[PDB]
Each structure stands twice: as C-alpha cells, then as structure tokens.
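*Asks:* Below, each chain spelled out in residue letters.
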Amino acid sequence: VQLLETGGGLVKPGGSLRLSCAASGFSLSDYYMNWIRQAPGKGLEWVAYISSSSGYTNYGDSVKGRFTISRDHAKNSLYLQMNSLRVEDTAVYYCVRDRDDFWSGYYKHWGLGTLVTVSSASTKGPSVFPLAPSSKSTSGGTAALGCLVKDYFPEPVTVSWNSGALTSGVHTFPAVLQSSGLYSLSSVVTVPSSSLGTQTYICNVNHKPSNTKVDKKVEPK
Amino acid sequence: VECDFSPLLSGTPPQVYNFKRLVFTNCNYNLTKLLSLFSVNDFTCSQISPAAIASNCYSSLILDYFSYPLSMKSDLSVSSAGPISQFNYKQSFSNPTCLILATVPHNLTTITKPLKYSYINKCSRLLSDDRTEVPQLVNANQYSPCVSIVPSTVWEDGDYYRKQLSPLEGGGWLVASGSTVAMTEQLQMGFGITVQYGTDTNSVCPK
Amino acid sequence: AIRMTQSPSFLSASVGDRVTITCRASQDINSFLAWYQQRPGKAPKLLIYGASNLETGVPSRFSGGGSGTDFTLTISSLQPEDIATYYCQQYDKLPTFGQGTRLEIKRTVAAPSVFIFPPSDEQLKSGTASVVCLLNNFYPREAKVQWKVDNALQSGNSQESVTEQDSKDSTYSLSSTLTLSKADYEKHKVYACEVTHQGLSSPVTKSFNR
Ligand SMILES: *[C@@H]1O[C@H](CO)[C@@H](O)[C@H](O)[C@H]1NC(C)=O
Ligand SMILES: *[C@@H]1O[C@H](CO)[C@@H](O)[C@H](O)[C@H]1NC(C)=O
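For the protein sequence lines, the chains are H, A and L, in the order given. Using the authors' numbering, the final residue of the first sequence is 222, and nothing's skipped along the way. Using the authors' numbering, the final residue of the second sequence is 587, and nothing's skipped along the way. Using the authors' numbering, the final residue of the third sequence is 210, and nothing's skipped along the way.
Simulated from the structure, these hints should not be mistaken for lab results. Every residue gets a Cβ at the ideal spot worked out from N, C-alpha and C, and that includes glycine. Among the clues, some could well be false.
[Unchecked claim] Simulated restraints, written as ranges between beta carbons of each label pair: (1) H:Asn163 - L:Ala152: 36 to 44 angstroms; (2) A:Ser459 - H:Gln82: 48 to 56 angstroms; (3) L:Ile2 - A:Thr405: 29 to 37 angstroms; (4) H:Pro175 - L:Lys144: 13 to 21 angstroms; (5) L:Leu200 - H:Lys222: 27 to 35 angstroms; (6) A:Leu415 - H:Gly16: 49 to 57 angstroms.
[To be verified] Below, in silico cross-link-like pairs of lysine-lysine (DSBU-like), each with a Cα-Cα straight-line distance of 30 angstroms or less: (7) A:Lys400 - A:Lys413; (8) H:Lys222 - L:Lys206; (9) H:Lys217 - L:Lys42; (10) H:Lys214 - L:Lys182; (11) H:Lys217 - L:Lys182; (12) L:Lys125 - H:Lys137; (13) L:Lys168 - H:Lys43; (14) H:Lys137 - L:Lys206; (15) H:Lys218 - L:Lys168; (16) H:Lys217 - L:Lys125; (17) H:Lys65 - L:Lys93; (18) A:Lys400 - L:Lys93; (19) L:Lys125 - H:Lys214; (20) L:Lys206 - H:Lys217; (21) L:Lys45 - H:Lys43; (22) L:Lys182 - H:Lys125; (23) L:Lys125 - H:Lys222; (24) L:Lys106 - L:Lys42; (25) H:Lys222 - L:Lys182; (26) A:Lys502 - A:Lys470; (27) L:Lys45 - H:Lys209; (28) L:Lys42 - H:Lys209; (29) H:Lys137 - L:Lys148; (30) L:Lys93 - A:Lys470; (31) L:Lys206 - L:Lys148; (32) L:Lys45 - H:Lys109; (33) H:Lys65 - A:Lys496; (34) H:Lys125 - L:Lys42; (35) H:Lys218 - L:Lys189; (36) A:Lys502 - L:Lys93; (37) L:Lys93 - A:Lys543; (38) H:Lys222 - L:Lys148; (39) H:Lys125 - L:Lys125; (40) A:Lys543 - L:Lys45.
Use the sequences and the hints to build the structure in full.
*Replies:* This is the structure we're talking about:
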C-alpha cells in the first residue's frame with residue numbers, strides 16, 4: 002500500500018491545477034478517498050471526499066464549486082482539480098484513503114503530499130555557495146561545513162549530502178523569506194576533523210520547481 | 381406551569397434513530413397550539429384520538445421528535461413492518477400512542493436543517509462463533525445498538541458500518557447499514573406522542 | 001462547521017512524564033474522533049480511532065478516552081521520539097481538525113557549538129555578502145545571537161532560523177545569516193557573532209578576519 006501525490010507546484014492566482022494520486026496495494030472506489038490540506042506552518046483542513054463504490058462527492062466550505070474530486074477505475078488514480086485558485090489555497094495537499102472497505106472516517110494511509118504555491122511571483126533557481134570550515138578546526142574534535150542556498154522561489158528545495166549516504170550529523174534549516182521576496186536556506190554537517198583532508202563532502206541541492214540541480218564540493222580554502 | 385416545547389423549535393432535529401425525547405410530567409400544555417406552528421400532514425393515533433390526545437390529563441407525556449421525510453409516511457405507523465420500526469424507532473404498543481408528520485413553514489426560521497434524511501436500514505450482530513447473524517431489532521422507547529457506530533447523519537446512501545466488540549460487549553462484530561433520502565425544500569419532521577394514565581396522578585392536564 | 005478546540009497549544013515535559021491533550025467539540029460527536037501524530041516534516045500517523053481505540057503498531061503508552069463532546073489523548077511515559085504535533089479529528093460530519101498541540105521534550109541543558117563562516121568569493125563577485133553563524137545542538141531553545149562588525153552591533157540586517165527539535169537527542173540548531181553588500185562588507189575587518197545561552201557561562205564569541 003502506497004500513495005504517491007503529484008502535480009503540484011507554483012500557479013498564479015486565478016489559475017488551475019490537476020493534482021494526481023497513484024494508488025497501489027488496494028483499489029480506489031472500494032474505499033472513501035479524501036484530500037486533506039495543510040498551509041505552511043498551520044494545521045490540517047479536510048477539502049473533499051469521493052465516496053466509496055459509486056463515487057459521491059462533497060467538499061469543504063472554503064473550496065466548494067472551485068475544486069473537483071475525480072477518479073479513474075483503471076490507472077487506479079485520484080484527482081483534485083483546483084480552479085480559481087487563491088493565495089489562501091497555498092498548502093501541502095495530502096491524498097488520503099479510508100481505513101476500511103466500509104465507512105470509516107479516519108485514515109491510516111497518507112501520501113507524502115505535494116506542495117501547491119499560489120502567488121504572482123516567479124520561479125527562480127537558487128545560487129549555491131559553500132560554507133567552508135576553518136584551518137582553525139578542533140584538531141582531534143568536531144568541524145562543521147555546509148551549503149548556503151540563497152535567493153530562490155518557490156519552496157521546496159531538497160539538500161542532501163554525498164548522495165544521501167551521509168545523514169548522521171546533518172541539519173537542514175527551515176527556509177527563511179528574505180526582504181527581496183525570495184527564499185534562502187542553509188544545510189550544515191558535523192564531521193570528524195581527522196576526515197577533512199581525507200573525505201569528499203559534497204552537497205546535492207535540488208530545486209525541482211525550476212529544474213536546478215547543483216552538486217557542490219565544499220572544501221577548506 | 382407551561383410544558384417546555386421550545387427546545388423543539390431551536391436547532392437541527394436529529395435523524396429518526398437518534399430521536400429526541402421530551403418527558404413532561406407536572407405541567408399544563410397547549411398541544412393544539414404547538415401544532416399550529418407546523419403544517420400538519422399526518423396525525424395518526426392508537427388507543428386515543430387526535431381530539432382526545434389534546435384534551436385529556438396524563439400522569440406522563442412523552443414527545444419524540446426528529447427529521448423525517450414525508451415520502452416515507454408508510455414506514456412510520458404502528459402497523460408498518462418497515463425498516464424504521466424495525467431498526468430506528470418503535471413506540472410502545474401498550475400505551476396509547478400518536479404519530480404526527482409535519483412540515484416547518486417559512487414562518488418558523490429557528491429550526492436548522494440537516495444535510496439529508498438518514499435511517500438505519502439494517503442492524504445486526506455477528507456473533508463470535510463466526511457464523512451467526514442476529515438482527516438487532518429496536519425495542520420500544522429505546523435506541524438501536526447501532527447508534528454508536530452510525531454518524532449523526534449518514535454520509536452517503538450505501539454507507540456500511542462495522543465495529544468489533546470487546547469480549548465485554550459480547551465479542552462479535554456489530555454491523556450496520558444506512559440509507560438516505562434527499563433533503564426537501566422545507567424541513568419535514570415526525571412526532572411521536574406517548575401518554576400514560578393513572579393511577580391517581582394525572583397532572584399533565586391542558587391549559 | 002463543527003469546531004474542534006484543542007488544548008494546550010504547546011506543552012513541555014521530561015521523559016517518563018504523563019501528558020494530557022484535550023479536545024472539545026461544539027456538538028455531540030459520539031466517540032467519532034481520531035488522534036494523529038505529525039513528526040517534524042512528515043504526514044500524520046494514525047494513533048487512535050474510535051474515541052479510545054489504539055491503532056495497531058502504536059505503543060500502549062498512548063491512550064484515548066472520552067465521548068460526547070470531551071476527549072483526551074494521554075501519552076504516559078513520554079519518550080524522546082514522541083516529539084510532534086498532535087491533531088484531533090471528528091468524523092461525525094464532514095471532517096474537521098483540532099488546531100494542534102506541539103509536544104516538546106525537556107532535557108538536561110546543553111550548550112551550543114558555535115561556528116562562523118565568512119562569505120565565499122563566488123558570492124562576493126555577484127556583489128552580496130552573507131556571513132553565517134551556527135549554533136549547534138542546544139537546549140533549551142532560547143538563545144540570543146547578536147553580531148559585532150568592527151565591534152559595532154549590527155542592527156536589522158541579520159536573520160535567524162531554527163530547526164524542529166531533534167528526535168534522537170531533544171536538541172535544537174539555529175542559523176542567523178548576516179547580510180551586507182560587497183561594498184559594505186569589504187569596508188570593515190573583523191566579523192564576529194556573539195552567542196549568549198543558558199548552557200554556557202560567559203557569552204561565547206566566534207570571530208574571523210577578512
Ligand atoms: C391554545 O393555543 C391556541 C393557539 O392556536 C389558542 O388559539 C387557544 O385559545 C389556546 N387555548 C388555551 C386554553 O390556552
Ligand atoms: C405560520 O404559518 C403557518 C402556515 O401553515 C400557520 O399554520 C401558522 O399559524 C403560522 N404561525 C404563527 C405563529 O402565526
């Protein structure tokens with residue numbers, strides 16, 4: 002059982018979007034399928050269900066008549082068609098399924114989600130600078146280095162270290178919104194400083210909304 | 381000491397299987413006034429008569445009320461063998477009885493409206509031996525066991541409800557199904573009246 | 001809509017404690033209420049369905065109770081991985097959720113490891129200067145970070161950012177980024193961020209020369 006959301010991204014206010022959820026391990030139209038949203042940093046809001054076998058729908062007050070939840074028996078997929086989209090519609094959209102064949106109400110199975118930004122703005126790939134350590138480093142102790150991912154739009158950016166093979170010691174900070182109107186975030190990592198001159202630390206930065214991939218070598222000056 | 385009928389005039393009346401009970405017991409009532417706030421479509425009695433029901437003095441007077449669609453008039457009577465008296469609401473056959481279907485007119489505005497009419501159309505217990513189904517027929521003056529697993533109003537018409545019971549509760553499954561009838565322009569309701577007389581204590585006389 | 005009122009909005013307790021989150025519905029919802037746990041950066045996980053029913057694969061230290069209009073989630077014997085936001089959800093009418101409760105785990109005080117990073121030349125060509133200060137794995141969350149260029153306190157030009165509390169050690173991490181122009185940055189010599197925090201005795205200073 003997996004739920005894979007897709008179809009999100011930047012859209013201008015007034016615009017449209019067809020989010021899609023590919024389901025497996027079960028079959029839609031046996032279950033109640035739902036859509037749940039979550040604004041950034043805010044709490045959860047139910048937006049629509051398409052009932053079980055026979056497909057009756059219903060929606061939230063804030064989205065009624067604009068959003069439209071659909072479904073396809075083959076391709077096992079679920080749709081949310083969002084029209085006349087508002088600034089306030091900005092959220093992560095979760096594709097969620099009923100806990101059981103019969104009417105349930107709650108959900109064990111959520112998808113990873115998909116982000117939908119709504120604003121004028123404009124896409125903009127990030128510049129990716131290194132935050133190099135110091136020769137000053139605790140000789141026989143911990144050192145720290147990292148990426149600075151400055152000036153981009155929209156969210157999200159994914160930063161990984163050494164193709165994900167390095168997780169331990171990593172901190173990727175929340176994005177901040179600079180006065181310009183763009184995002185900027187950083188990612189740091191602690192390492193044994195014995196291993197500075199001996200290991201390659203490379204940060205893999207990813208901005209799918211603009212198709213910017215930068216893998217960057219961070220080393221001592 | 382006027383009987384308090386106002387709580388009926390305020391809010392969304394429940395579905396039939398969550399029938400709301402008003403118990404009056406030492407007061408003066410003007411029933412033929414209450415009914416004048418509604419458009420009474422049907423008014424059927426049993427061991428009493430609409431005239432007498434409004435006239436007499438009782439020890440006790442029970443008024444049940446709920447949203448109920450006119451279209452199911454045949455399902456709400458003493459004689460009905462339908463799913464309503466089988467699983468939702470059955471009144472006593474040994475106390476004189478009344479059954480009113482009414483409509484709230486544009487006139488009266490303080491009665492909110494559910495999203496649709498629901499009713500439980502099946503209600504069974506699947507006993508823990510894994511092979512017996514025992515239909516849970518509603519007793520008079522009581523709720524179906526299935527009130528605990530069925531939402532205030534059934535969401536969609538086929539909705540099936542299934543719940544596993546603890547060995548305390550008997551240990552099988554409690555299973556149910558609900559049906560819906562589309563909401564009507566003005567709200568339509570059912571009222572059940574149940575009176576008790578004697579034995580020296582008939583102090584629910586009218587005003 | 002039906003309004004779920006959850007309380008407290010945020011609460012802090014040490015490992016082993018009992019915690020009780022409360023939910024109130026604006027009408028009877030008959031044990032139709034679920035509880036969810038949302039760990040930093042993930043989908044919610046189902047904890048409790050029914051009003052009291054434990055979804056298999058959640059530890060028995062979670063317990064739900066209540067019916068009608070008043071419900072509690074009760075984690076009792078708090079553990080470091082229970083750091084998350086907890087939501088309640090009624091499914092008696094078209095679904096609505098509680099506003100949220102953040103659960104922080106108390107922990108022995110732990111001083112931040114401060115690191116400072118000059119801007120890289122890459123960025124300096126493009127004419128902007130970002131000096132970053134890092135505070136590392138600390139508790140509690142409250143930490144002051146103020147910049148001092150040429151020993152003059154920089155004002156209104158910094159910007160900090162903190163992580164969600166870590167699951168495997170109950171600590172935080174913070175990054176203030178100071179920005180200038182290449183024109184402005186190349187004007188002064190010594191850049192230093194000054195870090196005061198409850199875990200270290202004197203404010204710590206990490207400095208560098210340009
Ligand atoms: C009862 O109420 C009705 C209102 O339609 C009124 O006409 C009638 O006179 C009342 N009777 C008494 C005895 O209060
Ligand atoms: C409201 O209008 C209905 C229409 O049938 C009428 O029967 C009733 O007497 C009116 N109610 C009042 C309080 O005047």
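*Asks:* Is it true that the CA of L:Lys125 sits at most 30 angstroms from the CA of H:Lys222?
*Replies:* Measuring from Cα to Cα gives roughly 17 angstroms; hence the hint holds.
*Asks:* Need the status of pair H:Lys218, L:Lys189: alpha-carbon distance at most 30 angstroms?
*Replies:* Holds: H:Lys218 and L:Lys189 sit about 27 angstroms apart, inside 30 angstroms.
*Asks:* Hinted pair, alpha-carbon criterion (30 angstroms max): L:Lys93, A:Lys470. Please report holds or violated.
*Replies:* holds, 26 angstroms
*Asks:* With a cut-off of 30 angstroms on the C-alpha distance, tell me whether H:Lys222 and L:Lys206 pass.
*Replies:* holds, 18 angstroms
*Asks:* Is it true that the C-beta distance of L:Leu200 to H:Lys222 lies inside 27 to 35 angstroms, as the hint says?
*Replies:* For L:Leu200 and H:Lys222 the Cβ distance comes to about 28 angstroms; the hint holds.
*Asks:* Under the criterion that the straight-line Cα-Cα distance not exceed 30 angstroms, is the pair H:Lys65, A:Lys496 satisfied?
*Replies:* Between H:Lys65 and A:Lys496 the Cα gap is close to 18 angstroms, so the pair holds against 30 angstroms.
*Asks:* Between A:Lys502 and L:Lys93, does the CA-CA distance stay at or below 30 angstroms?
*Replies:* Since the Cα atoms of A:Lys502 and L:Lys93 sit roughly 21 angstroms apart, the hinted pair holds (cutoff 30 angstroms).
*Asks:* Has the given pair, L:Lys45 with H:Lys209, been kept, meaning a C-alpha gap of at most 30 angstroms?
*Replies:* holds, 27 angstroms
*Asks:* Is the hinted pair H:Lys222 and L:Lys148 satisfied, with a Cα-Cα distance of at most 30 angstroms?
*Replies:* Judged against 30 angstroms, a Cα distance of about 24 angstroms means the pair holds.
*Asks:* So if I understand the rule, the pair passes when the alpha-carbon distance is 30 angstroms or less; does L:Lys106 with L:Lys42 pass?
*Replies:* Holds, because 22 angstroms separates the two Cα atoms, which is no more than 30 angstroms.
*Asks:* Starting from L:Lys125, check that the Cα of H:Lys137 is at most 30 angstroms away, please.
*Replies:* holds, 25 angstroms
*Asks:* Could you grab the alpha-carbon distance between A:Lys543 and L:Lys45 and see if it respects the 30 angstroms cut-off?
*Replies:* It holds: about 21 angstroms lies between the C-alpha atoms, which stays within 30 angstroms.
Violated hints: none; the structure is consistent with every hint.
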